[PDB]
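Chemist: The lines below spell out each chain.
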Amino acid sequence: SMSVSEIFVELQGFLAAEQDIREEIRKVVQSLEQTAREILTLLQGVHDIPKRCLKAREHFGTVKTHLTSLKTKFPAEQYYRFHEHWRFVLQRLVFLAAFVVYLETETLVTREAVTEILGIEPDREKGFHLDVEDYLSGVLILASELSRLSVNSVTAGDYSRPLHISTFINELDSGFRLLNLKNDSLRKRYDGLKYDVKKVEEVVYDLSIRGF
Amino acid sequence: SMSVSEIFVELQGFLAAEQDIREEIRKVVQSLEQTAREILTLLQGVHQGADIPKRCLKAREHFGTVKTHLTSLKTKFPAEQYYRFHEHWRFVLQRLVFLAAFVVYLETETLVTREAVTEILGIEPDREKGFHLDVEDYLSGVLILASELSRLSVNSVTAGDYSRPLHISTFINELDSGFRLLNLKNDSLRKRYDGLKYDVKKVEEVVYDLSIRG
Amino acid sequence: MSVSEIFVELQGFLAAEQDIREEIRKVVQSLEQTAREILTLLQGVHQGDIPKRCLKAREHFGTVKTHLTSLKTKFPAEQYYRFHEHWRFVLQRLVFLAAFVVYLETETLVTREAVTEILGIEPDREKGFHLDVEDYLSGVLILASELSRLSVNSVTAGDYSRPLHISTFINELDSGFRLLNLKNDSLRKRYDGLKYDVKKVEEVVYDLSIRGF
Amino acid sequence: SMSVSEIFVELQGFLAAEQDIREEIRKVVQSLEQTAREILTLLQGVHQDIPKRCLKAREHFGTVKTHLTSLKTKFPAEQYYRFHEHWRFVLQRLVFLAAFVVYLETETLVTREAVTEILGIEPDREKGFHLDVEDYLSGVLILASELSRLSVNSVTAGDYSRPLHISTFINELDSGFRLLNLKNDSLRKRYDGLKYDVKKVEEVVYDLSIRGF
Amino acid sequence: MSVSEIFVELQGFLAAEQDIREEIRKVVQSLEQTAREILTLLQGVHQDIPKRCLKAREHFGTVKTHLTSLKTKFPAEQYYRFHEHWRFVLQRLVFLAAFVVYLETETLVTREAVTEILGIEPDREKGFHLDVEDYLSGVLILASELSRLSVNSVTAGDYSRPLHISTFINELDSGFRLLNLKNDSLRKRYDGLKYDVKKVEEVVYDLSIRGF
Amino acid sequence: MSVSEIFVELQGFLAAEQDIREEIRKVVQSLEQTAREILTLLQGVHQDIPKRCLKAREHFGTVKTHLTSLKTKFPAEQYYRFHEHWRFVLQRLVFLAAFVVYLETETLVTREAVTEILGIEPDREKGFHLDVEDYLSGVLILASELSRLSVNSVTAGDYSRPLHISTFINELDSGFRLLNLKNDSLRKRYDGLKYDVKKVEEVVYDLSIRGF
Amino acid sequence: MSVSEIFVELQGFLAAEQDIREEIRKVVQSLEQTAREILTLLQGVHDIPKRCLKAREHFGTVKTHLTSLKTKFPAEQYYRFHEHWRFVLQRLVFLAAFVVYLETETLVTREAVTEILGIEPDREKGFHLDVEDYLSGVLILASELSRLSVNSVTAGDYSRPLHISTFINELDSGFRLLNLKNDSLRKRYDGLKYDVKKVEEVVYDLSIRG
Amino acid sequence: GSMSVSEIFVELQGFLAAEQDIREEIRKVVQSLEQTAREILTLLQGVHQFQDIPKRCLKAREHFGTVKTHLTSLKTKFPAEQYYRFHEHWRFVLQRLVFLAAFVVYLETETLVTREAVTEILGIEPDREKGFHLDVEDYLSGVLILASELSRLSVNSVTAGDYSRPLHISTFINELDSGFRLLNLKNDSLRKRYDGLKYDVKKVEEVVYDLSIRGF
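So the protein lines, in turn, are chains H, D, A, E, B, F, C and G.
Under the authors' numbering, read the first sequence as residues 0 to 46, 53 to 217, first letter to last.
Under the authors' numbering, read the second sequence as residues 0 to 49, 53 to 216, first letter to last.
Under the authors' numbering, read the third sequence as residues 1 to 48, 53 to 217, first letter to last.
Under the authors' numbering, read the fourth sequence as residues 0 to 47, 53 to 217, first letter to last.
Under the authors' numbering, read the fifth sequence as residues 1 to 47, 53 to 217, first letter to last.
Under the authors' numbering, read the sixth sequence as residues 1 to 47, 53 to 217, first letter to last.
Under the authors' numbering, read the seventh sequence as residues 1 to 46, 53 to 216, first letter to last.
Under the authors' numbering, read the eighth sequence as residues -1 to 47, 51 to 217, first letter to last.
No lab work stands behind these hints: they were computed from the structure.
Yeah, the Cβ is synthetic: ideal placement off N, Cα and C, and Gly gets one too.
Hints are not guaranteed to be accurate.
Unchecked claim - Chain G regions said to be covered by chain C (calculated; three or more residues, Cβ under 8 Å):
#, stretch
1, 64 to 72
2, 105 to 116
3, 179 to 186
Whole structure, please, built from the sequences with the hints as guidance.
Modeler: So, in C-alpha cells, the structure goes:
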C-alpha cells in the first residue's frame, strides 16, 4: 500500500541515479572523441608514415586510460543500456586502429587485435566488449578512407599503393557478400562500399593506361 | 594473422547466430502481442453499458497466458543480454504495464506499484536478475493508462455514471503531480508526457460540465 | 537468336500488355464516374427521404454491374493481380458506397459476399474477378470516416438518436480490427485513422447525454 | 446479416492464412538470395580459368532449381502476381547471373526462355511460375553495368581485346532497348543507367585506340 | 548563314520577348496592389457590409483599367505564353469577385459574371480570357475565406450566417465531385476543401447542440 | 444559375479539353516512335553516311504526316496551352534534323530550315510554330551527340572529323555567349555545353600530341 | 609582386578579418544569453508590471553589450558582419515589442525599439535597426501572443484573448500593405495566418461557452 | 507623437518600396556590366584557337573603359556606406571582372595581377579610400576562375603547337596552389571553389608529363 506520490518520489530516486550515470559517461566520451579527432588529423597527414603510426599509437595510450575510466561510470552488465553514448566514437576508433595497422602491414586488423589496442576485453572475458556491428562499421569507414588515399597517393607520386588498395577493398567486398546483413544502418553503409570499389578500380585503370 | 576472408567467415557465424536469436524473439512477441490485444478488447468493453469484477477476473486468467509466454521468451536469448534485444518487446511490455495498471485501477481505483506489475507478469523485480521491468517502460504504461482513463471519463457520463469522472480527475491530477517531481530526460518519454496535459485538461472539463448541469 | 531479334520479340509482348492496360484505363474512368455519382447522391444525407437516396443509389449499381462485366473482357481472368492496381482505388470506393447504402438501410455492416453480389462480381469459390480482403477492409474504414461525419451532421439536423447507433457500430468495427493482426502498411496506416473516428463519435454522444437526449 | 464480430473473425482466418503463405515464401527467398550471393562472388572473381568459374557456377544453378520448385509449393500457382514482389529482386539477380555466365561462355545474350530452362522454371505457355518480361530486362540491364566494370578491369589485367567485344555487345543492347517503348517507371529508371554504361565502355575503347591496340 | 549570324538573330528575338515579359511584370505589380487593397477592405467583415461591397466595386474600376492596360503589353493570341505571370493575381481577383457577390447575394458568382466585373472577355469573343482552372481556384480560395467567416460570425453574435455558409460549401463540394480534375495544382487545392467543409459543419454542430 | 448548374457546365468544358489532350497524346506517341527510329538509324554512325542521311529524310516524310495530323487535334491559336505535350519530341526532332544537316554539310541547320523539314510553318504564317527555346534545346542536344561522335570517330580511325567537331562546338559556344539566357531549363542545359566543349578539345589534344 | 608575396599579404587581411568575426561572436553569445534571460522571465506570464520592470532592467545589460559590440568592428561595415547578430537582434526586437505590448497593449514603434536597445536611428550613422529585422521581431511577437491567448484561457483570463485578437488582426492588416520581396520574410509572413486563425478560434471558443 | 499600427505600417511600406527601387536600379546596371563582361570574355577566349595576343590585350583594355563607366554609374544607385547590403547583386560579375583583368595581365606579363592593380583597371577604389571596394573573397574567386581558364589554355596551347606555354602555366598554377595553402579559408563558397583548384593543378601537370615523355 503505497500512494501515487510515494511511488513517484521513489521513481524520481531511480531516474536521478540513472541520469547521473549518463552524464558521467558523456564527459568521458567528450575526452574520448577529442583524442579520436587528434588521432585522425594525425593519420590524415599521409594525404614518414612509420612516424605517424608511432605517434598515433602513443595516442591510443590516452585512449586506453579513458576507456578504463569509462568502465568505472556504469555497471559492467548494463553495456547495451548505455552503448549508444559511445557507439559513434567506438566505431571511429576501430576505424583509426585498422587504419594504423593498414599503413604498417597492408593488412586488416583482426577484431580481437582492435580490442587489445584499445584496452578493452574480448567476448570471453566480461566487461566492456567490442560489438560485431561496431567493428564492421569501422571497417567500412576504413574502406572510404582508403579509396581517398588511393587518389592522393597518385597525386604525391606513389604509383604502387593504389594497386594494393584495389585488391584490399575487393577483399573487403567479397567479405561482406558472405554476410547476410539485416541491421539497416549497417546495410546502408555497406551500400557505400560499392562506390569506393568503383573509385579505386578506376584509379588503377588510369595508371595501367598511362605511359602505355 | 587471419586473411580477410577468414575474418569474415567468422563474423558470418556470429551474425547468423544473433539473427536467429532475434527471429526466435519475434515469434514469441507475436504471441505476447496477441494475448495483449485479447486482454485489451476484454477490458475495453468497460466503455459500453458497463459486471466489472467479471472482466477483471477473466483478464487475470489471461495474464496466466502472459506468464507462460514470458517464461518462454526468457528461453530465447541470454539473460545478461536483456538490453541488446529489449527493443523487440518494448512496445508489448509497455502495453502489458498499461493493461495491468488498468485492471488494478478498475478493482481498487489505485495505481499499481511497479513490483506488483512484475508479479502479475511472472517477471522479476530489480534485485533478482534475469528479465527486468525498466523504469521507463513502467512510466510509459502509466501514461497510456491516463489516456485510457480520460476516454473512460467521457464514456462514463454517457452511460449514466456521473461519479466516476470525479474519481478519474483526482487520480489523473495525482499522476500529473507525480511526473512533475520527475526531471525527465529520455525523448520518447518526455514526448509522451506532453500528452498527459491533454488528458488532464479533458478530464477536468468533464467535471466542469457535470458541476454546471442541473 | 541475335539480340536484335530477341528485342523485336519483346516489343511484341510489351505492346500487347500496354494495350490491355489502356483498355482497362478507359473502363475504370467510366467506373470512377459512376462511383462519383453514387457518392454525390448519397452524400446528400448530410443535410437531413434517405431511403429515397439508397433507392436511387441502387439503380446506379445497375450501371456498375455493366461496367464490371465489361472490365472482365479487357484482361485474362487468371492475371487479376497483374492489373489489380488499375481499379484498386475505385473498387475500394465501391465497397465503401455499398456498405454505406446497406448501413443507411439496415444499420448493419454489409458482408463481403453481399458486396460482391451488389457489384456483379464473383465470390472466392467461383474463379474470375474477386473482391480482395484488403480492398473490402479499406472500404469499411472509409465508411467509418463517413459515419463519424454523419454523426455530427445528424445532430445538426435534429436527429439525436442516430449518433448513439453510429457510436456502437464504430466501436464494433474497432473491436473487429483488433482481432486482425494487420501487416499491409497502407491498411495499418488507414486503421490508425479509425481511432479518431471512434473518438469523435464518442464525444458526440457525450455532448448529447450531458444535455439530456 | 452476420454481425460485425462474426464477419471479422472470418476475415482474421483469411488474413492469417495469407500471412503464413508470405512467411513461407520469405524463408525460401532467403536461401535463394544466399545461393545467388555465392554464384555472384564466384563470377565476380573475373575482375582480377573462366571456363572453370562457369562450370562451378552452373553447379550452383542446381541448388537454384531445387529452391524454386520448393518455392512453387508455398503458394497457389494462379496467384503468382499477388506474391510476386517477394522474389522480384532475387529473380532479377538470377537473370543477371544466368546471362553473365552465358556471356562469359559464348559472348552472347542469353534468350529469355534459356534463362527459364537454367532456373528450372516454365516458359509462358506452360502455366505455373513464369519469367516476367520486365524482370528479364532488369537482369540484362544489371548485366550491362557488370560488363562496363569488367571492361575497365579487363584493361588493368592487360586484356586489350575484351573491351572491344563488350563495346559492340553493349551497343547492341542499347539498340535493342530503343526498339521498346518502356512504360514501367522502375524499368525506365534503370534504362536511363544504360547510357552511362555505353559511354564508359566506348571511352575505354577510345583510350585503347589512341594507344594503338 | 554562319552560326554567328544565326545567333545574333536569336538574341534579337529573345531580347524582344524579355521586354514583353518585363512590361507584363510592372502592370501585374499594380494589379496585385489593387487586389491587396480590395482584400483588406473586404476582410474587415471578420470584426455595414453594403458599404464594403460598394467601396469594393469602385475599386474594380481600377482593376478594369489595369487589365485593359495589360492587353496592350502582349499579343492577344499568345495568352498562354505569358499566362503564368498573372495566374496568381487573376485567381485572387476571381476570389475577391466571388467574395463580394457572396456577401451581397449569398450565391456563387458565375464565371461570365466575374469576367464582366473585371472587364475581361468571355470565351466567344477572343482576347484576354478567364480560364476554367483559374475560376475554380478562386472559388476554392473563397471556400477557405467563408469557413473562416463562419467562425468569426459566431464570435460577433450572428448565429444564422454559419447555417447558410455550411449549405453553400456543401453545394461547392458536390459541385467539384462532379468534375474529374486532372490538373495537379487544382486537385491539390481541391483536397483542401474537405477541411473547410469539416470546419463549417462543426460550427453548425456547436450551434445546434446549444439551440440556435 | 445554381452552383449545381454552374458546375455541370464546367464539367462539360473540362471534358472537351481533356479529350483534346487525349487526342494529342496518341499522335505524339506515333511521333515519338518515328523519332526513335530516325535516331537508331542515325546513331549507327558511331561504328555510307549519305546513305543514312537519305534514309533519314524519307522518315521525315512520315513525321510531316504526323505533324499535319496533330494540327487536326487542337485549335491553332491555342498552341501554347497544349505545348508541353510535344515539347520533348519537338526538341528531339530539332536535334535529329540538325544532326542530319551536320553530317551532310558540317553546318548548323537554320531554324527556318528545320521548320521546312518538319512540314511546319515559320513565325510569319500562323499555325504550328517552332519556339526559339525549343530550337536552342535541339542544338544543345546536338552538341552532346557530336562530342560523343568525336570520340567514336577516333575509334573508327577518322582523325580529321574531331578537328571539325571542335571548331563547330566552339562556334556554338560563342553563339550562346551572345544570348542573355533567362528561362531556367535552357540555362540549365547551357551549363552542360561547357563539358562538351572540354571533351572535344581534349580529343583534339590527344590527336595533336600523337601527330595526325 | 610575386604570387607568394601577394598571398602572404592576403593572409594578413583574412586573419585580421577572422579576428574581427571571432570578437563579434563572443559578444553575441553574451547578448543571446541575456536575451534568453529576458524571454524565460517574460514567458513566466504563461504581477505583469513587476515582470515588465525586471525585464527593462535586463535591457540595461543589452545596451552595454551592444555598445561593446560596436567597438569590435568598423561602423561603416555594418552589413558585412550583420549575419552574426541577425538572429539575436530579431529576438531582442521581439522581446522589446513583447514588453511594450504587456505594458500598453500596443505595437512598439521602430525608433522606440532602438531607444530600448541603446541603438541609433537611421539618421545618425553607426549600428542601425534594419526594417526587415524589425518586421521579423513583430512576426515573432504575433506567434508568442497566439500562445499567450491559449494560456490566458487556462489561467482564467477570458478578456485578454479578445484584445490579442484585435491586435493580431491589426498586424495582419499592416502586412497586407507591405509588398514583401525578401524570401525569409515572406516565408515568416506566411506563418502569420496560422496565428490569426488560432486566436480567432480561441475567441470562438469563449463566445460559445457554454 | 505616438502611432497606430496602420500608421507604423504605411511608413514601413515607404522604406521597403525605396529599398526595392534601389535594388531594381542596381540590376539594370549589373545587366550592362554582365554584357560588357561577356564581350570581354568572347574577345579573350579567342586565344584558344594564339599568334596575335597583344592585339586582343589592347581591344580588351578598351572595353574596360566601358566597365569603368558602368561602375561609376553603379555607385550612384546606392549609398556608398551600404556596400554589403547590396553586394550580392554584383558578386558574380565582379568576380568575372577580376578574372578577366587577371587574364589580360597573365597574357601580357605571365604574372598574377595584384589586387590594387585590378581596382585600377576597373576604376574602383582601394581599401584606404572609402566608396566601392574590392573584397578579398571576390579577388581570390577571380584568381580561381583564372586557374581553370589557364588549365584549359594549357591543353589548347599544345594542340596549336606551342609546347613551351604549358610549362609556364604549370609553375604559375603551382605557385597559386602554394599561395592558397597559406590561407586558412573560412567562407564556404570559397573553400568549395578552392577544391576545384586541385583539378586544374592535376591537369596541367599531366600535360607537362605528356610533353616530357615525348622529349620537349
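Chemist: All hints are to be evaluated individually against the structure, with a verdict given for each.
Modeler: Hint by hint, here is what the structure shows:
With 0 residues having a beta carbon nearer than 8 Å to a beta carbon of chain C, the stretch 64 to 72 of chain G misses the requirement of three or more and the stated coverage is violated. Residue count for the stretch 105 to 116 of chain G with a Cβ under 8 Å from a Cβ of chain C: 3. That meets the three needed, and the coverage hint holds. By the rule of at least three residues with a Cβ nearer than 8 Å to a Cβ of chain C, the coverage given for the stretch 179 to 186 of chain G holds, with 7 such residues.
When held up to the earlier numbered hints, the structure conflicts with hint 1 and nothing else.
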